[PDB]
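Visitor: Chain by chain, the residues run as shown.
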Amino acid sequence: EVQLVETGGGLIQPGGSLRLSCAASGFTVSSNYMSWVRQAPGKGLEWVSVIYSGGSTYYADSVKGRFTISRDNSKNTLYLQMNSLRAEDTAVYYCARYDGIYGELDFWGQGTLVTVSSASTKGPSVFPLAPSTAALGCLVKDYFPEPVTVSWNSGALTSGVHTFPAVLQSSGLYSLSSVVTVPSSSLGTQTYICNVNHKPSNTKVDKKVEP
Amino acid sequence: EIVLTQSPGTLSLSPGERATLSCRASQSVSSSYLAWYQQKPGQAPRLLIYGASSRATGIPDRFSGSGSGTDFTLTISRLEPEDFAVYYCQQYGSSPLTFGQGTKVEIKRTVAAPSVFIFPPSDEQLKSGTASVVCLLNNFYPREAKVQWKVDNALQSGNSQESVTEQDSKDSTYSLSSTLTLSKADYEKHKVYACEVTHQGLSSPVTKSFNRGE
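These protein sequence lines are chains A and B, in that order. Per the numbering used here: the first sequence = residues 1 to 211. Per the numbering used here: the second sequence = residues 1 to 214.
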């Protein structure tokens, strides 16, 4: 089927440059009208740039002269090369296919987060939330930037899992909790491990939670 | 530039109810050049309607669109719990491509009281010299809840932070975590740590607590 796989997001300094890639499957980028769309945290959708099937390119006024949209036909990949990045450029960036006639966006990439900040990367401290229906979790504390991914038992336990939105502490670092409810009749036999992955700092922590 | 104004900004309706969303354009937009998107949390927007009234691929019958000129409508004929999302209108009849500000749709389920759990800071965290006490309010509705912290009967202020999950796509409930943060020196010089919860689902506030040395 049709697929759009995005990479390139992460932390970069203000004034810095960063390239995003969007690898297509099931169709050609060269013969299609293609687009980048961004969404600032908690905000609406903003159109960034387009590239026509015939190669013509157009840019939002806010990115003109800083950003370049392009494609590599043989790699079947769409690119956005960004420059002179500011905090206003912090957003989830989406690549999208759209038909030339009406510019509706029928296929979207999964998105990739770009965080424009001068603050240093820090890995999270993972502490257990022990039970004493039983609730148990992991406290993912003091990290920068977003995001962290939390699974339970390598993704085998998904039922009853709540991973909370991160809160910005007064220190400038993020913290969240991930909890799961389980039958207390299984606390003796079943092992519960939270897998906290923070790719910006290469931090990959497995933490066993016990009674 | 064509400005798209969506109304209402927020909408809360029960499952089975009809939902009607509006998108007003500052200039005339040809009917064939208006689209609607559904965006669920942590996901890309998904095309729902294109050309004012045509359904996209894999889109259920309950979604429909209509309108022309400057007034366009998205309708969900019968709301389902999975319809929790933000909905955006979009035009490309004129450059540049513009989006509406979005309509956040909440599913108005029946009152559900929270299950309250309290967590003492682990031993490992104490090594760093900081103590986080976590109060969990699990699977409740509506979103509004009051969480008060009490340390040896002393009502705390300005030393806790709250986080709420996005509305669940199946049971339409929320979960809330409250984290009380104190220094290890302050934590080990107190005994009773309580989390009081006031919520519509509860006839009276519920207090969960623990003793540090118990």
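Read the hints as simulated data drawn from the structure, not as lab findings. Don't take each hint at face value.
Unchecked claim - Taking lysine to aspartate or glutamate pairs in the DMTMM-like style, the calculated list, with each CA pair at most 25 Å apart, reads: (1) B:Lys40 - A:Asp206; (2) A:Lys75 - A:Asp106; (3) B:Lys127 - A:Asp206; (4) B:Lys191 - B:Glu144; (5) B:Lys40 - A:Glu1.
Visitor: Are any of the numbered hints broken by this structure? If so, which, sorted upward?
Guide: 1 and 4
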